[PDB]
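Take a look at this single chain, the form solved without the ligand, given in structure tokens.
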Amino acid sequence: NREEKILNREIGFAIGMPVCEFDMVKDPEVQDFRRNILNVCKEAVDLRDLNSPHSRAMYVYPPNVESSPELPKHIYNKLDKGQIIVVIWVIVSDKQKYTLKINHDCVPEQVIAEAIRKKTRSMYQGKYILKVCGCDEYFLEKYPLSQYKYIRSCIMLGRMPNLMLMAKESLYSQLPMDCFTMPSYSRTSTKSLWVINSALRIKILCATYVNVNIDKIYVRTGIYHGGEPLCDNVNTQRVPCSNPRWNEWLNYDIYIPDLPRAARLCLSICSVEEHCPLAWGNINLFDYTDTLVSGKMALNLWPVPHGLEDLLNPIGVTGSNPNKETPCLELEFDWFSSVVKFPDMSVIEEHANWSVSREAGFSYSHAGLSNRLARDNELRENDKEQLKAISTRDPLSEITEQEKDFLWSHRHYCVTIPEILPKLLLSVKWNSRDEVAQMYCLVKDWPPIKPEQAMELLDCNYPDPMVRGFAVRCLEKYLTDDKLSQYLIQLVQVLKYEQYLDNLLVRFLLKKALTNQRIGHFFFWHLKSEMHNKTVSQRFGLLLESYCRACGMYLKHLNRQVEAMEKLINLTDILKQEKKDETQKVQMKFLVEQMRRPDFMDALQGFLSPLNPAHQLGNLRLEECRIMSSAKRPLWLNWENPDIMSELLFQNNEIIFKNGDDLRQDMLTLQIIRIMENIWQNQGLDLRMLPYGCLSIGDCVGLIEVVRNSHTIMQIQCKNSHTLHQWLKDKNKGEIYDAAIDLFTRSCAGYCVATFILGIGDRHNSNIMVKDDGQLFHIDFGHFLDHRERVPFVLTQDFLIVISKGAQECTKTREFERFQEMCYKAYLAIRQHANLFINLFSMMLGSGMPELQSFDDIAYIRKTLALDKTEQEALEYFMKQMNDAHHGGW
């Protein structure tokens, strides 16, 4: 009791709302989620206690590894006959280094042995472990050394890997034994939907809290499966709005047995001609227990989002508005003197088998009645090619009603080309129980597809729980922890599309978060960052509760980060509101005084970076901290790295704290840049990008990683077109000059292509940066997509002079020709992976990012990548856009 009350206070602090507010929720789905989700918590904790203490160390410090053990060709050529130089440090009480030359695919135990041999020569293996010097990353698992991300980065960047030898007992002692306690809250016939001979009818009674300045109003309604209507929309009779009452039964063109599992009532109160929506709301026609909704219901509605022309909002969240001081539409559903439940799978399978059997016995003339019917023997070779051709089309490509009939009719052949599944599912008649039942049985036995292809089936086009269950099973089987970490933002976002709180996706994500602390860390922060959003605050709040009960000791470390962030929010809010007009000098005096307060100073020191929890943030170097003069006035913050071997990585950790701007756009752009870079490297195309760390922690508040040893193009030129080339020539004298120009041209090529494809905000001297070694990169990816196509990054003469090595006619050179060749190969490489990028954007539609509101916004990428065109026409398109932007050259 006392232990639980203390734990509840900690969880309450982590999530930003008290636990007791969840206890007060009457909704049975909420209380059932809280109870039933603890099974996932139990399972996760058992795996942690399985092979203790190693399994606990693997949870807290998981291997930061790539998915593939294999290496590219150009990366292997940087090695010395398939070998790497590695420095292994040993602390003695002084720092003793031991330089080893070993095979890139050596196991940590072999690496430790070779270090002990060198120590012996100067005058056992299983008692030690390797730690990365300067941060809390360990090599606890027997992987090839090159598969560890730190090591592969050192090879690619041409740096020396510095590891530290540490005793196993030193690490294991630092990890406390967590004790997961189960909380206190853990303690008329029934007929099928299919035996109901009746059409769908819903009564609209009346609205309350209809506060407006607007002649008459009406309740628009519709029956939807995802974004797709299952019948025509039905309106009520018009009413002045002075009196909001109707009491009118709306009749829909759908037979009750034909209602699919994920069917939803979508509605809105509108005003008139120029029709305009006032408030909107969506309801699941079946509840979480598979029961059809019956009797009276009251739905609090939402305010209309900005820029939405449509009267209904089908893809908007389902369920009632938490704010009860809002338009509250009263509804009544039809009653059938019994509990109406959705039929179970055995009944569905029986009917599917019955339909399949009947269809196989259809004559030529019967099959001829419908283009959705087709006999098995009539499947020709040209049809098989057409199906194959349809499967290679991108997700935004239109599937015609003819192609839908075609796809459905050959659905059994579609099993042999399993990547076509998304196309087949949109060809299904979701308002026909005969078809849907057969689709379920095909989905049940459907072959496994790649995680990236499965991810599409979790977006807003695929609401059916069998479809989404199949997708989750593909992730469980094939998604690596590396790729899960990479796609975690998308997977968190598609939780919003789930009909119910308890589902297969959230169970999969929670288990991974509770068996891998690196995943758990960002899982927590992605959820916590949107707790202000009342669309998702209950779902995310309840999910966070279940995480915080089972995550173990890390809750306390998370609470250090939460308090640190809250203190920075509080200080920046005061500077923004109270002391915005004052000078840099006076604001800094206020800031230093407030931070040096006893409670603030402890809160802002000695915690883990939310950008990367392997980085320890020690004491604040307040002398190095700065308020910057840019928009929103971000804090440049500087902490000591308290790691014993900090000098070998970095002595100071610099982070930008920014309060006022939305950073979710930047997060998505930075993720995509990293994926683009990854595709280029695997294709033998070394275009070095700089996807700096960026984490939204809240409503228009977040953290940004500082790139060390970097300057803006304005900072170069301010101290003439040759100034930039002269700066790099001065910074890289002698033999290393060519490496700098080569790094500049390669990085410049990557950013030219990447920014053009994505439609990033206009580039200029203040938001383009360059490192000392020549590495060019961009900052502030505030806007993207169609915010005709644009060229955001225009290579002015400054940049072209660097590529051509100080030549006057830089446009006509072999260096520029090679730079163009990099851009063409880079552009076409991304073209081949267009589905991934389209899907990654499609999974983010549910977020409230104003640049990504509909599928029309994502269609910008279809234009920039030229997907309707051929590969040669795509190059010619790309060249034309570059030529017109630069006024000749391409």
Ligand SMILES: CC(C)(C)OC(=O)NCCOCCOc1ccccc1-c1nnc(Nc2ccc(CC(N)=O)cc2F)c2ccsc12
The other form holds:
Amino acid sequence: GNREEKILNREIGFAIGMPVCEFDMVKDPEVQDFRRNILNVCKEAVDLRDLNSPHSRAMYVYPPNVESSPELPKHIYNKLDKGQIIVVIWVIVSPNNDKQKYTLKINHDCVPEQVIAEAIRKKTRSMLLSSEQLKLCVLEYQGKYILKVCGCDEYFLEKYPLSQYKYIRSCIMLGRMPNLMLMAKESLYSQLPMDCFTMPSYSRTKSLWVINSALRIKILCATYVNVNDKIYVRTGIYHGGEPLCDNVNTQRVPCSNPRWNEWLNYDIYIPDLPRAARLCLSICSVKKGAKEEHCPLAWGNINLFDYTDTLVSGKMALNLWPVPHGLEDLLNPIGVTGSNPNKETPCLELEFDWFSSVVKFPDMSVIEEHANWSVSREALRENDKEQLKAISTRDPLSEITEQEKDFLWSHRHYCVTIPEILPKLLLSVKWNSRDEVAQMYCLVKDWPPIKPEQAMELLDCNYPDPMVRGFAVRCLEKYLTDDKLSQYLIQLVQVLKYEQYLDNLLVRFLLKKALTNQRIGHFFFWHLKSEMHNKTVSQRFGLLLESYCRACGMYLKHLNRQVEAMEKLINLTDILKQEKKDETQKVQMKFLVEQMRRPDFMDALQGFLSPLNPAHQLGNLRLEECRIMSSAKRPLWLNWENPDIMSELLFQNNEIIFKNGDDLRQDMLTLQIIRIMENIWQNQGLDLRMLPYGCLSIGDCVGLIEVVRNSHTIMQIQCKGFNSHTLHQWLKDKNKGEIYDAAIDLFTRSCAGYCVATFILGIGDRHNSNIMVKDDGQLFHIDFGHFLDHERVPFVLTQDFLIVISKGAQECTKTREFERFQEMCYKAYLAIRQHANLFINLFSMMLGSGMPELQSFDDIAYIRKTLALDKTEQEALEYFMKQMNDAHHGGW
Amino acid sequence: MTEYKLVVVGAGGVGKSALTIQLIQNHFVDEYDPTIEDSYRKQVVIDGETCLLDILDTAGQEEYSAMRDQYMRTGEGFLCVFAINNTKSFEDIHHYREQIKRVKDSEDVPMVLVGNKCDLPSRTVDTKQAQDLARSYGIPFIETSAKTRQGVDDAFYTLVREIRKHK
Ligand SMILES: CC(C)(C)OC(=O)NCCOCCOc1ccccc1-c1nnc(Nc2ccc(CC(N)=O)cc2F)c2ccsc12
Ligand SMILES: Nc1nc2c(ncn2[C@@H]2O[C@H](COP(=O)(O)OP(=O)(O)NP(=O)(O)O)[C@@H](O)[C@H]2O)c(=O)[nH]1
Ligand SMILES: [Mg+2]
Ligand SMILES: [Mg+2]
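Could you drop in the structure for the form solved in complex with the ligand? We only have the form solved without the ligand so far.
What follows is the whole complex; the chain from before opens it.
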């Protein structure tokens, strides 16, 4: 009703792509209760921004892009001059905004304030007016300035060690000299917006175990079925992905008149239903001289309990979803719960048992008493201690036998000393037994915390119990840093689709961190916006996007500029394909420049933040440099202007590829894993440099790709003038002098990294157009279309690569340098094998995502074969010899 | 407005930073603070032509000799400064000129030879032996003193006029 709220409601509608008035039309009480109760998370987060204003606001808008640990590995410190770093400090003279500079040599331990204090002393010595300059200048002007990265909007606002900042860290590794800009604190605090957050206007019995009966569900009839034999419905009570009893069907009925009126009894007692028990049903069909074929037409899942802990009862009806791409079974238990909003779909009318009172799930006051009764009714070896620890180290997808499950459950009280055994102990619990679930609830209530990378396992599809997931969120709320949250943010968004209720504990943790870290909330916005087209998650993500847009502050205007800029690029590339897809690229460009010279498009594509990196400002669109690339789905090479006051000190033009036609979710996941593999290698001595370039899906098969400069394809180098010695001669010509061995070193190290990574992940077959080299010798791959299954080695090192590795010898297979190469491939392989538990989890958290290569755990099991998890560490290294020998036809 | 990219090179301790500080703020400094690479700028009218001076101070120590290839590529003119007391500064000033003539393949590049520390009443380098080196290089030669402002204006102004001749 407020005048300002009507404006904000329209601004949220543009950002999320749908009017917020549709949220008011929802009659579901779970939706309206979510819109209300989620608001206290906004108040707490806004109160955090205003706690130490204006510093707390600056930390929100410009959070420090810092590393995870201040400790530097050995090879990183050796690149420092006696433990010191040379930094270029720039300054802007006020009249004509032209820049002068100081170059300082300081220790890497220095905080940003100490770097400024060194720069203050450098100036005070030049001016011969001394007196006691330390009495005032060193302390009066110390806190009046802050350091800023030249070329982008990154500030050093917090007293971290300078080398811990990500920009300074890479400059040490890449040898470049950091260029920083001093600006006044008063100038930055004058740009900060006003926080005007107000509450929206819409902010103003029998126990389950006291019922002796079997679980039965009635199937009345089905409406709106499409004709092209006989059909039937197939149901099953699931606890996540594991069934609690045998799936039951209804007797076959011809599709002409689909009506059953048939009760379905299940092999489960009502008091034994767990908290997260779900009903998974689907409508299947059968199809003289040929074998009958069963095919699911539609599917739908139902929560046995609602968000008020009340057992569902009475007559009910739900509209079923279309079958996803190539289902393996007749049911879809991993699918989302709820009815299809599109009422023009097969509607199935059901009926549940109605008991005289409202049946609710017992509170933990009753569950605790039942556990003490079961543990008292039952009424310290050391050899078993060794076996228990041996089970903890098993990979998540390792086969746990029935004997080991019964062995884990007997020592469940001794498992608290080894807290990382919890995921194996939970999978050894009969969740269809209230006697075990009660005792397990008591163990989870007091279970010790574990590492964040371990707690994420308890958030995938295998652990649907709220008490299990509530423990995992508490471990993230205490141990998960903002750095690792940005890293694993793609996974943590997908596991929101596993929570059976909109108002859960994982969403309150992500929403609060998004409203506290603007860099977190930026990608948290795009990860949710990219799936609003998916009508299975449009309601969940839409309500969450609305609460974020209603509390993110002034950043909503910046997000709207990004949304409108992408909509223009989407509409243009759509009509480009819809009308000029067969026309020649020459006439495609003359159509492109006419649409881009339009006034409405010109200002819409200028003056906004880069979705790949919100610290990158995009200025004027250089039409002269924009072009349609020579790929299949007409990618757009877009060139922008960097409008920073010192753009030339970093890069003067920003190049981004806009793709419209290909799915970029697989490329995001592969690039995320490559970045972690490089982080694992660097954190223990291995200096293997990868290139996890930027990528971000912003919608249905549309996204952005970061452009890497000074890079050419090996086909583009071989055509410069199919000779194997053409590659080595170009690196020698591009790197002549004492920089030759450095370019050779950077090549073989980057070659070994992508050789081990592509084999373990099993990416698409590399060819002469998927392998690129930079000017300094750095090698990397592009176009990670597929992974996993389709023992194949994709990056087969040809003789062209083997020559430059050994610095161009007569026999590239027998060289002292080639022995150093495979020695790095052996260390990198065993390095990923130690952290193999983390990588298996990242794929299992992405199963809920609709990704073609990730459908079942059988796809994830491919990494168990390439890592040889069922073998010893000596056998696994000998398994990697299949790459150095069978694939290369000689080696090892 | 025209801008001139001047570079000041030389050995360590020859007083190449005090010459620039004496130009902008007319302040003389005695505390030897070794410089890595600082940049200054100040406009002034020369020969009736208002212009901008993009002065870049370099490092006299051989520790940061790797950065020489960069500022010797963007510099329009050069101000070769040697210490009159330090005989070595007059010796390795040859290595600076030949290194400039290597990056910039042109033999004739804008450059003037400056003899700082002339106020010190203990001259070690002959006053006339620098002209034959300046005549062999084909460049002017000025004797300057950062402590008394003597000729520090003319030495910088002569280099600005020297860049005008190389076009
Ligand atoms: C300590 C206080 C705050 C009293 O000193 C100032 O008021 N400083 C000047 C204003 O700059 C704004 C504030 O800058 C600073 C703030 C804190 C510490 C150091 C500086 C700083 N100062 N001067 C730098 N170069 C520089 C040389 C020569 C000239 C003079 C010229 N006509 O050529 C002008 C110049 F700018 C450089 C280069 C890199 S940092 C820096
Ligand atoms: N007597 C006298 N001393 C001078 C003169 N010019 C500089 N000095 C002195 O020489 C010393 C070094 O001067 P500075 O300008 O820092 O030398 P630089 O050539 O820049 N050294 P670097 O490049 O290694 O930093 C200081 O003690 C300074 O006072 C001059 O004309 N006369
Ligand atoms: Mg770029
Ligand atoms: Mg100096």
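Rigid core (definition): largest C-alpha set, two forms, superposition within 1.5 Å. Residue numbers count along the first chain shown, from 1.
- Superposed on the rigid core, the forms differ at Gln808: its CA is offset by 2.0 Å between these two forms.
- Overlaying the rigid core between these two forms leaves the Cα of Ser337 displaced by 1.1 angstrom.
- Relative displacement of the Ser173 Cα between these two forms on rigid core alignment is 0.9 Å.
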